[PDB]
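Apart from one protein chain that is not included, each protein chain of the complex appears where it belongs.
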């Protein structure tokens, strides 16, 4: 008998403002210029 | 007997404002210019 | 009998402001220029 | 002056045979039973 | 002047055979039973 619950995963937990660049949460491969 | 529940995954948990760039949550391959 | 719960994983727990570069949370492979 | 080219991303580069389960390349959310 | 090229990212570079379980390349969130 097992029980897994209430795990929680966040990437940004605060409002982003006035961005002008490249804000990515998860990136597999690929290039970013900024 | 198993039981998995109430897992939770967020990428942005705060309102975004005045953006001018590239805000991506998950990106597989691909280029980004900003 | 096991019980795993309430684990929590954050990448940014504070609002980002006035960004102009490359803010990435998790990056597998891939290049970044900034 | 920038130049990005010839990036390449593969998920399975070899022929699959005699499958009987769940072969997924990329999965966001969602459950899999097999 | 920059130049990024010929990056390469693979997940499985060998043919899979006689599978009976759950073969996933990339999985964000979500449960897997096997």
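Should a chain be cited, it is by its letter among A, B, C, D and E, assigned in written order, with residues numbered from 1 in that chain.
As a working rule, a residue touches a chain if its C-beta (ideal position, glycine included) is under 8 Å from a C-beta of that chain, and two chains touch if they have at least 3 such contacts.
Although one chain is not displayed, its contacts with subunit E can still be listed: residues 1-34. Take subunit C: the residues that touch the chain left off the picture are 9, 26, 28-29, 31, 33.
With the whole complex as reference, residues 2, 4, 7, 9 of subunit B touch the missing chain.
As a working rule, only the chains that are shown with their structure count from here on.
The chains in contact with subunit B as well as with subunit C are A, E. Here the spacing of subunit A and subunit C, counted between their Cα centres, is 5 Å.
Residue positions of subunit A touching 2 or more other chains: 1-34.
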